[PDB]
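S.K.: Given the structure of chain C, go ahead and fit chains D, B, E, E', A, A', D', C' and B' onto it with the hints provided.
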Amino acid sequence: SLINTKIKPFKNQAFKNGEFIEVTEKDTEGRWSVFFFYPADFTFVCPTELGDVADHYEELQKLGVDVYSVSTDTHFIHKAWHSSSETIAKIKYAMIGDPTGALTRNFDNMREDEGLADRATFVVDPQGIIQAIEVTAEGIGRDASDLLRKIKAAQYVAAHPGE
Amino acid sequence: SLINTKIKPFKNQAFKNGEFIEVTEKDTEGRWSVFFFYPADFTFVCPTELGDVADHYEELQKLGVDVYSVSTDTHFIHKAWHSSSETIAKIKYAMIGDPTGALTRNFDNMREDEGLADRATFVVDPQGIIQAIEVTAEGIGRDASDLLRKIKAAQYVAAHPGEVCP
Amino acid sequence: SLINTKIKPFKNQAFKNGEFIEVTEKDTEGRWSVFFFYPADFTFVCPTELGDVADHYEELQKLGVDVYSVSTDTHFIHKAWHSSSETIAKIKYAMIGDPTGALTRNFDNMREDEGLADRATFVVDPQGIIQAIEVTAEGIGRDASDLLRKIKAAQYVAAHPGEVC
Amino acid sequence: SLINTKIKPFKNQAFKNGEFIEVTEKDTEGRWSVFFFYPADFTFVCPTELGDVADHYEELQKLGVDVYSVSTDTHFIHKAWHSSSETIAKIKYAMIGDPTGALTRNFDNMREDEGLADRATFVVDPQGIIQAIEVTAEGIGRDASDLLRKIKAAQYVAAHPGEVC
Amino acid sequence: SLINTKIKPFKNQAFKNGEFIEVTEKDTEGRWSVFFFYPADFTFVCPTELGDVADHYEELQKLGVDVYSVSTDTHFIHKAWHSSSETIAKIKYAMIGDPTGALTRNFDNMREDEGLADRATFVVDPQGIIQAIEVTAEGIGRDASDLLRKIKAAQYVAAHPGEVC
Amino acid sequence: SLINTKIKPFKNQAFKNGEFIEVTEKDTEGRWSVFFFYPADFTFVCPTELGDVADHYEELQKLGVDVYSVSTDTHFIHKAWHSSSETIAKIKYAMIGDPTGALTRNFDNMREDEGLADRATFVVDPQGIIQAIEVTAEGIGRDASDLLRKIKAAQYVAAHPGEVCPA
Amino acid sequence: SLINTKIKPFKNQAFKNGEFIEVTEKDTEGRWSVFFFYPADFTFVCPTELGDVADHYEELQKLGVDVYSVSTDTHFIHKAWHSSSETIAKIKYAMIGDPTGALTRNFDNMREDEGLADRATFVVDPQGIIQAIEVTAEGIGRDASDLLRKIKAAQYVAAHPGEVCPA
Amino acid sequence: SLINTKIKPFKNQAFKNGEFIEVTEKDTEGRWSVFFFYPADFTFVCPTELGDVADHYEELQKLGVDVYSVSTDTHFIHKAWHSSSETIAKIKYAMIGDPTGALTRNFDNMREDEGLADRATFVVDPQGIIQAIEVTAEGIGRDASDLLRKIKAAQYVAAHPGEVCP
Amino acid sequence: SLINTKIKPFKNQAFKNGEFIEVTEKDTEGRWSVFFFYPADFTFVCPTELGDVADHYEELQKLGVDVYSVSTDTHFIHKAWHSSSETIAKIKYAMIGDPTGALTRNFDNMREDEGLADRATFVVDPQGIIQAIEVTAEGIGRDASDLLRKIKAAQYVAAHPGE
Amino acid sequence: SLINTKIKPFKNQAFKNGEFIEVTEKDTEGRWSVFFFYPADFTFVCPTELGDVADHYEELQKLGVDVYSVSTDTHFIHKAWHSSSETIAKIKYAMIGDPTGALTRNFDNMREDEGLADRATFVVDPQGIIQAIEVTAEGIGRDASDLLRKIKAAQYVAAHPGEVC
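Residue numbers (PDB author numbering), protein chains in the order written: chain C, 1 to 163; chain D, 1 to 166; chain B, 1 to 165; chain E, 1 to 165; chain E', 1 to 165; chain A, 1 to 167; chain A', 1 to 167; chain D', 1 to 166; chain C', 1 to 163; chain B', 1 to 165. A prime marks a further copy of an entry chain.
Incorrect hints may appear among the rest.
[Stated by the list, open to error] Quick partial rundown of chain D' residues pointing at chain C', CB under 8 Å, derived from the structure: (1) 3; (2) 6; (3) 9; (4) 131; (5) 134; (6) 136; (7) 139; (8) 140; (9) 141.
[What the hints assert, rightly or not] Here are the computed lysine to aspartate or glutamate pairs in the DMTMM-like style, where the Cα-Cα straight-line distance is at most 20 Å: (10) E/152 with E'/138; (11) C'/90 with C'/59; (12) A'/79 with A/86; (13) E/90 with E/66; (14) B/152 with A/143; (15) D/6 with C/113; (16) D/79 with E/114; (17) E'/79 with C'/163; (18) B/152 with A/49; (19) A'/11 with A'/29.
Hints listed in this document are in silico derivations from the structure and should not be mistaken for laboratory results.
Heads up, the beta-carbon is just placed ideally off N, CA and C, and yes, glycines get one too.
Looking at chain C on its own, in the form it has when it is part of the complex:
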C-alpha cells in the first residue's frame, strides 16, 4: 500500500494559468501537495470534481497547499480543454500531462487495460509522505470540502503529535 510512504521522483510537463511548465518531485519538497488523478479530458462526464477543487483553491493556497490534477492526456490537451470548458477554465493550479503513465504508475493508479488513471486523490506532506488516499469508481464523486477537511486535519496532526 501507499499510505505513509514517500512519493517517487517524477518529471512531467503541465499547463498552469496559460503557461506550460515542468513539474518534478523537487517542486513539492517543503510543501503540502494534492495529487488529483482523473481518467480523461473531453469526455461526457460532468467536470464537477475538478471545478470544486478549483473553488477551494483560494483557501488551499492559503494553507500552503499546492494542487496538481493529473491525467494521461498531454499538457496540450489540458490547454485546449481549459478553453473549451467553463468549468475547467476556473482552474489555476497545475494540470499535469502524463502520456508515459509514469507519474500514474508511481502512485500505482493506472487502469492498465485502458491507459487511463483511476479517480484517485493523494495528500502529501512537506516530507513527501502520503497522509491521505481516496479512490472511487466512475460516477462516485469526490467531495472538495471533505478533502479540505482531511488536509486541515493532516496539518493539525503534524503540529500536535498524539492526543
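M.R.: Relative to the frame of chain C, chains D, B, E, E', A, A', D', C' and B' by itself:
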C-alpha cells in the same frame, strides 16, 4: 491497486450483538458491504469514527448495506471493548477480529511494523467489486456522512449506467 | 524490419464522422489499409499531413483503401480536435485512439520516453501484409501524393506479380 | 529445538503495574528470564496459569529472575484485562504485547493458523541461553511450582558445572 | 513447534525386556504414547530420569499409555546397558535405538553438533497428536510425576472437550 | 523503427569510380548521408531506383549530401556490375559491399531468409541521426525526387527550428 | 570435424549451363557428390581450383560423381561470372549460390567475419555420408587429381569392405 | 573416488587405554595411519577383525603406523565394550566414536539407511594421502596380515620411487 | 560409495583366449564377477598382479566366477601384450578394452588427469551387487590369494545369511 | 571451422627414437608443425600413412617442419608398436600419446563414442595458425606427397603474402 477488483475469500470470527458469529465472503455475496478497518481496541484514541458509523447503521441497513469493522484484535477483545465503552456499545454491526492479518492483507492494509491495520474503508458492491477506497494516517478522520453519500452514489450508478452529463 | 510481415490483432476506439466506432484487425481483412501515425492532437504544428491525406481520401476510397490515423490520445480528444480545427474537420476517415499504446507498439512505433507515436505510415495489403513503410522526423512532411503513387504501385504488383523488366 | 540457543533480539511494548514500558533483549542480559506465552486475553478459559505464576512472583524476583508473559494481543489489551480480572490484577510482572508476532516467532511458538501463540514457557539464563522449554495443548496446565524446581536446578547446574554421578 | 501436530511415521529397532522388537507408528495408533529422548547410554550422568520413569511404569500401562525411551545409540547398546545398570535394568518399556537419527529428527530433537538427541519428552494421543512437550538442558531434571499429571489432564481434556471456566 | 537514432559504427569495402575504398561511420560525420539499400546486383529487375538516384547525384552533391548504395554482394561484384550495365555505369557515388550483412542489420534491414537487404532508404544528418526512413516491397518503387524534397526539408528544419506552420 | 556424418537438408538456387535450377539434398541421394566451396566470384585470384575441377569433370561424371561449387554470392552472380571468365566458362557442373550462408554453415565452413566460405572440399557418398574433408587457407591450392584418387579410393572401399592391407 | 586424495579435517572423541582423548587430522600429520571402520559395538558378530589388528599393533607401532578404529557409536560405548569383551580388551590403539557421522562421511563410508559405517579400511601416508582402500559387505572378512603387507609395500614405494621391474 | 550397489550397464570389446568378443552387463547376470582394473598395458611395472589372478583362474572358474581385467587400452593392445609378455600370455579370462573410459567411470575408478584407471578390484554377485572393493596406489600389490578368500567368503554369506 | 585459428595449449608424453619426451605447444612456437591423427596402434590395417610420412620426414625437416603423430594410446604403446612393426620402426618423428583425449579434443577430432581420434591432419604455421586441414574415412589414404605440396605452398604464401595472379 484494489479499486475495481473483487474481494478475496476470507473466514473470520466476529462479535455481533452479544454473540459470536463467523463471517466469510459468502455473507457478502449479493449484498453491499462496508469494511471499516481501524488500528486497535482499547486505545486512548476517541472511538468517534466507529460510533459515527453506528449512527448511520440504521439508514445503512435500510439501504441494504452491511457493515463490518475490522481489527487485528481477537473477537474476544471486541466483546470486552463493546461492554466497556459507551460509544462502542452503540454498535449493532459485526466486529470482525483478524489476528492472522489475512483479512487485512487481502485488502493490502497492514502496517507491517505494528501488526495493526491502517485506517481504511472499502465499499464493496454485491458482485464483490471494490467501488470506493479511503485510507488516512493516524489522526486524520473519516466522515461517516461522506461515506454514506458515496454509497448512495455507488448504488445510483449501479442502477443508472453511463449517466452522461446534462 | 516489419516490411513483409502481417499486422497484429488490435482493438481500439475511433472517431469517424461524428460517431464513435470500434476498429479491430477484422475490419482490415480483405481491404487495403493505411495506418497513419502521428505524435499528438492539439499541438502547435499544423495538421498538413493529416489534411493532405483527407484531400486524397475520396480517391483512396476509390482504390479500395481505408485510412486510420493513429495517436496515443483518446478518441474523445479526436472528436474535440475535429470540431476545433478546419483541417481536422475535413477528415472523413477513422481517427483511432491508442491510449494503451498497444496499436503503436504492434508497429514498433512508440517513443517510449514520450508516450507518443512516431511519424510513421504503413501500407497494408488485403492479406494483412505490410508493403510500404515511411517514417520521418518532425518537420519533414509525408507527401500524400507519393503515398498514392506507392499504393497504386503496390496494387499493381499484387495484380501483375513477378513482372520482369 | 531452541533448547540451548541464544534468544533473538526483540523490542515490544508491555504493561507492568499500571504503566507502559518497552522491553528488549537488553533487559534480559545478565538476568534469569522466564517467557510465559499464552494464546489470548479476555478468553473464557481460566487465567490460572498466569495467576499461579503471579503468586510465586516474589520468590522468583529473589532468585534474580524476571517474568514476562507474552501474548499476540497489544499491550493496551493487557492493561485492560488487568482491570477486569482479579487473577490478572495480581500480575506484578511485565505483560508483553506482540501484535506483529515477531517475539512469538523468535521462539517458534506461533500457531500460524490462528495468529495466536501456543502455551509455552521458556527459561533463559543471563547469557541469553534457553535452558528449559515447556509446551502444552489448550487445557493441559503448566505447573508453576515445577517451573520453579526447573529454575533451581538450572541455576545450580549453572553454578556447579559437570555434576558427574 | 511440533505441539499439536501428528507424529511422522517411523521404524526403529528396540530392546524390551530381553528381546529385540521393531516399533513403528503402527504401534502407537489408538494408544497414548510417551517418547522419552535422552543423549546417550553408558554416560557418566545419573540414569535417574529413565529409572524414575521406570517406576511410574505400571501406573502408566494402566492409563493405556506406552513408554518409549529413544537414544541415537543402536538397540544393541540398549540391551547391554540394561545389564550393567541397576537403574536401566528396571526398564520394562521399549528402549529404541535411533542410529540414523531419523526418529529424533521427526521430533526436531537433534543436536546436529553432537549427533545426540536433546532431553525431550513428548506426549502423543491415540490420534498421533502431540499434546505436551518438555525440553531441558543437560543437568535440569524432568519430573516423572509432573509428566503423569500432564497425562491425566491431557486425557481428561481429551474426554471432556471445551472446559469453559 | 530506427527513426531519430544515431547510426552504428561500421567498416565496409566499396567501389567508387573504378576504385576500391573503405567506408566507415567517420566518413559520414559532418555530412548529410543517404544509405540506399537494395537486394542484389545482376538480377533481372530494372536498376531504375539506382539510376534515378544517379541522375540526381549532381543535385545531391550540390546540397552536401553523400550517397552510399548497399547490398550484400561484395564490392568485387559492384565493380563488375558497373562494367556490364549502362545504368549502373552512371553511378559515381560509392557502392558498398556488405557480405557479412553487418551494415544491413545495423539498419535492421535484412531479409533473414534470403540473406538480402530490403529496399530501404535512410537519410542521416551531420550528427549521424536518422531523419527519414523508407522501406518498400519488391515492385513498389522509391522516388528520388521525393527523396530530395525530404532531404531539403530536413536541412531547412535543421537550419530553422520551430518555424513550423502555426495552428 | 564433420567426418563421417550425414549432410544436412538444404535448398539453394544454382546456375547450371545457362539455366537456373534448384538443388536440395534429394538431388544427392543415391549419387557421389563433391561440394567445392570457395570465397567469392569476380575477385582477382586465379580461378585455378575451379577450372581444374572443370577439366576433370568428364572423368568425375564417368565415375557417377556430381560436382557442386558453392559460394555466398547469389546464383545471379554465377551466371554473370560464367560469361566474363574463360576459365569459369568451362564449368558445366552446377554453381550453387548461398546468400543466407545456410549451406556453408551446414558444412561448418563459414569465415564469420567475412561472410565468405572457406576453401573446402567435401566428398559425400550415395547415403549422404561425408567421407573426405579438405580445408585450406588462401593461397594453398587444392589438387583435383588428389581429389579423384580419394574419390576412387572411397568407391573402392565401399565396394570392397575389409580388404585393407594386412599387418 | 578417494584413492590418492588427502583426508579431510576432523575432530572426534576416542577411548584409548582407559582414558578419553581427542583426535584430529592434526594427530595424523607426519605419521602413517590406518582408519579401520566397522558397523557397531556390542553386536553378536565376532570381534575377530579388531582383535587381529590388535595382534599386529605392536609391529605396526614399531613401523611408525598409528591405528584408529571408527564406529558411529559414542566413545562412551567404546569404553564399556572395551572393559566387557576379552577380545576388545586387547586393544591399545585409539577407538574413535563418530556419532555425527562426519568422520565416516569424509571417507564416503556411511550406510545411509542404518547410520552405521561400512566395513572399510584406509591407509593414509604422512602427507595425508590415501594409498590403500578396502571395503567389504557384512560377513566378508578383512585380513590384518594382508593389511600389514600392503602397509610395508606402501612404505617401501614412498622410500623407493619409480621402482622399475627387474 | 559403490559397496552394495548394482553395477551399471556396459558394452565393451575384449580379447579372450585369442578371440575378440563383446562383453556387456548381461553377460554377468547370474554369475559371480571380478572386475580387475589396472592402469596400462606395456609399462615397466612387473605384470605380477595379472599373472597371479591367472594362476587362480582354474579355481575361480570352478566356483562359477568370471574374471574381467580392465584398462583404457584397446582390445587390440591387449592382444599384442598377450603375445609379448610371458606373464600376460597365461591369461585365459577376458581382457576388456575401455578406450572411452565408460566402464571405468561406471565404477568411479578413473584417474581423470591421466586417462587411466586406478588399480581397483571389485567382486560382483549374480545379482550385480558389489560385495568387495579393493583399491591401491602404484607399487602396492594386490594379493590373488586374498581375493580368492574374499570371494569364497562372499559366497558363504550368500548361502548362510547371518551367524 | 578450425582453419585459420591458433592451436591450443597441450602437454603430452611422446615416444621419439627410443626415448620418452614431453611435448607442449611451446615446442611448436617458431616452427612449422604437422599434427597427424590416427585411430589406434596395433590394429590390423597397415601403417602406410604413417610410413609414407616417415619416408618424407627427412625432406620435411629440411623445410623446418616438425611432425607429431597422435592417437589416444599411451606413449608406452607407441614404443612397443615401434619395435614390433617394420613400418613404425622407420618413424623418427615424435609419437604423442593422448590417453585423456585432450589433445584430440583441442582439434575437435574425437569420435566420442569410440574414444579414438579421427584420421585428420593439421598443418600449423610458426605463429600457431592452422593453414591446412585434411580428414578422411578409413580406407581413403592421406597422401604424404600432397601433404608436402600443401606445406611448401603454405610456406610460399607466408613468404610472398597477398600474391595476386
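S.K.: Hints first: check each against the structure and report whether it holds.
M.R.: Consistency of the hints with the structure:
Checking residue 3 of chain D' against chain C': minimum C-beta separation of about 5 Å stays under 8 Å; hint holds. Annotation: interface hint on residue 6 of chain D' violated; nearest CB of chain C' at approximately 13 Å, more than 8 Å. Hint status for residue 9 of chain D' relative to chain C': violated, with the closest Cβ pair at about 20 Å, above 8 Å. For residue 131 of chain D', the suggested interface contact is upheld, since its CB lies about 4 Å from the closest CB of chain C', less than 8 Å.
For residue 134 of chain D', the interface hint holds, the least distance from its beta-carbon to any beta-carbon of chain C' being 5 Å, beneath 8 Å. Hint status for residue 136 of chain D' relative to chain C': holds, with the closest Cβ pair at about 5 Å, below 8 Å. At about 4 Å, the closest approach between the beta carbon of residue 139 of chain D' and any beta carbon in chain C' falls short of 8 Å, and the interface hint on this residue holds. Among the interface hints, the one on residue 140 of chain D' holds; its C-beta lies about 5 Å from the nearest C-beta in chain C', closer than the 8 Å criterion.
Here the hint on residue 141 of chain D' is kept, as its CB sits about 6 Å from the closest CB of chain C', short of 8 Å. At roughly 14 Å between alpha-carbon atoms, residue 152 of chain E and residue 138 of chain E' fall within 20 Å of each other, so this suggested pair holds. Among the hinted pairs, residue 90 of chain C' with residue 59 of chain C' is consistent with the structure: their alpha-carbon atoms are about 14 Å apart, no more than 20 Å. For a cut-off of 20 Å, the pair hint linking residue 79 of chain A' to residue 86 of chain A stands: about 18 Å separates their Cα positions.
At roughly 15 Å between alpha-carbon atoms, residue 90 of chain E and residue 66 of chain E fall within 20 Å of each other, so this suggested pair holds. For the hint linking residue 152 of chain B to residue 143 of chain A, the alpha-carbon distance of about 14 Å falls within 20 Å, and the restraint holds. In summary, the hint linking residue 6 of chain D to residue 113 of chain C is supported, as the alpha carbons are separated by about 16 Å, within the 20 Å threshold. A C-alpha spacing of about 18 Å is found between residue 79 of chain D and residue 114 of chain E, which places the hinted pair at or below 20 Å, so the restraint holds.
For the proposed pair residue 79 of chain E' and residue 163 of chain C', the alpha carbon gap of about 19 Å is at most 20 Å, so the pair holds. Under the criterion of a C-alpha separation no larger than 20 Å, the hint pairing residue 152 of chain B with residue 49 of chain A is consistent with the structure, at around 17 Å. For the given pair, residue 11 of chain A' sits about 14 Å from residue 29 of chain A' by alpha-carbon distance, which is consistent with the 20 Å threshold.
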